[PDB]
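S.K.: Position chain B with the ligand against the provided structure of chain A, taking the given hints into account.
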Amino acid sequence: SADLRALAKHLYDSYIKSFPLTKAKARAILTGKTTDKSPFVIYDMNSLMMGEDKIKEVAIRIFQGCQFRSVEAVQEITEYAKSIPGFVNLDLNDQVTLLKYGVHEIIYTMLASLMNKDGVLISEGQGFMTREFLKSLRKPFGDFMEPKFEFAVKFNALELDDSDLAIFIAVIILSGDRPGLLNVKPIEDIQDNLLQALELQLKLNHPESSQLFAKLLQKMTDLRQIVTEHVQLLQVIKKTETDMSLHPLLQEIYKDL
Amino acid sequence: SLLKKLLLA
Ligand SMILES: CCCCCCCCCC(=O)O
Numbered sequence: 236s237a238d239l240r241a242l243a244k245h246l247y248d249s250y251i252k253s254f255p256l257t258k259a260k261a262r263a264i265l266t267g268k269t270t271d272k273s274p275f276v277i278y279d280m281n282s283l284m285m286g287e288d289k290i303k304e305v306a307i308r309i310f311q312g313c314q315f316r317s318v319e320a321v322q323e324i325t326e327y328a329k330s331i332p333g334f335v336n337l338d339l340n341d342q343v344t345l346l347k348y349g350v351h352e353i354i355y356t357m358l359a360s361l362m363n364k365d366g367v368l369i370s371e372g373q374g375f376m377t378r379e380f381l382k383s384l385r386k387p388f389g390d391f392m393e394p395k396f397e398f399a400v401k402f403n404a405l406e407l408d409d410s411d412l413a414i415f416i417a418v419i420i421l422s423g424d425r426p427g428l429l430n431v432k433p434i435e436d437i438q439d440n441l442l443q444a445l446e447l448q449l450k451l452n453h454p455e456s457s458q459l460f461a462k463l464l465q466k467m468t469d470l471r472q473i474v475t476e477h478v479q480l481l482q483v484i485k486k487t488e489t490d491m492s493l494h495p496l497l498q499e500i501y502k503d504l
Numbered sequence: 142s143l144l145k146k147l148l149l150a
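One line per chain: the protein sequences are A and B, in this order. All letters in the first sequence, in the order written, are residues 236 to 290, 303 to 504 by full-length UniProt numbering. Taking full-length UniProt numbering, the leading residue of the second sequence gets 142, the next gets one more, and so forth.
Just chain A, with the same shape it has in the complex:
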């Protein structure tokens, strides 16, 4: 068990190094408990115009902004993955596969930290875009964020902290069932050890939360469904919307996939 706690701490320290906006910092902003801020609130077309300097029709401008944020998040997640013990020693093509098929599940996990039932922190906490505003955007654009909000409200009800999240995200990255992995055994061995560390973390940090470990295993399955639904919406954009194309890093991630 002592080695499991040292692993949990290592992952938390690496998470703090990799991700500039943590859940602790985001919840402080959202609940107004910070010295600085407050974020600029975007709730309609006029406030979007007023706030656009933090940081082509509106729906498409927002979709573009979101791609750049996704690309930044992929880079942060890649840095974190390289800190998971054993990961850089995997076959390099398998590291690519784990990131390709895992990074969006991690993006949606971490996006929940920035969300409440009414909206989402944007631009490293300098803006707050309302859920209602995003839902108001024309189809299919108004359909992208809503399922992520639905996920987030239920996920946030588990009250995980950054120490818990650091292990949960590592577990998801080290999934041995991703398509086209060359050597699954070492990946499964790292994941088994991460799962043991997650179980002990939840027992110690959430002793009264009965079956929390089981609930997190289910959220890992839920995240795969969120990704499936998201890819279907991306396909609608590709078939319609002649204007648009994805950032090259997202083109790689979505290539077949």
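Read the hints as simulated data drawn from the structure, not as lab findings. Certain hints may be false.
For each label pair, taking beta carbons as the anchor points, the in silico distance ranges come out as [unchecked claim]:
1) B/142 to A/389: 27 to 35 angstroms
2) A/276 to B/145: 34 to 42 angstroms
3) A/431 to B/142: 20 to 28 angstroms
Capping the alpha-carbon separation at 20 angstroms, the derived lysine to any residue pairs in SDA-like fashion look like this [unchecked claim]:
4) A/364 to A/266
5) B/146 to A/260
6) A/260 to A/372
7) B/145 to A/322
8) B/146 to A/428
C-beta atoms are modelled at their ideal positions from N, C-alpha and C, and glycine is treated no differently.
M.R.: Then chain B with the ligand, alone, in the frame of chain A:
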């Protein structure tokens, strides 16, 4: 190929 570049840095 971009993921590989990020991984190697
Ligand atoms: C305009 C509505 C906001 C939705 C933007 C969706 C961004 C998804 C990009 C990605 O898959 O990495």
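S.K.: Hint by hint, say whether it matches the structure.
M.R.: Evaluation of the provided hints:
1. At roughly 34 angstroms, the beta carbons of residue 142 of chain B and residue 389 of chain A sit within the given window of 27 to 35 angstroms.
2. Under the hint 34 to 42 angstroms, the C-beta atoms of residue 276 of chain A and residue 145 of chain B, about 40 angstroms apart, fit the expected range.
3. For residue 431 of chain A paired with residue 142 of chain B, a C-beta distance near 23 angstroms keeps the hint of 20 to 28 angstroms intact.
4. Distance restraint check for residue 364 of chain A and residue 266 of chain A: the Cα-Cα separation of roughly 12 angstroms lies within the 20 angstroms cut-off, and the hinted pair is therefore satisfied.
5. Annotation: proposed proximity of residue 146 of chain B to residue 260 of chain A is violated, straight-line Cα distance about 30 angstroms (limit 20 angstroms).
6. For the suggested pair residue 260 of chain A and residue 372 of chain A, the alpha carbons sit about 9 angstroms apart, so the restraint of at most 20 angstroms is met.
7. Distance hint between residue 145 of chain B and residue 322 of chain A is fulfilled; the C-alpha atoms sit about 11 angstroms from each other, no more than 20 angstroms.
8. With a C-alpha separation of about 19 angstroms, the suggested pair residue 146 of chain B and residue 428 of chain A falls inside the 20 angstroms cut-off, and the hint holds.
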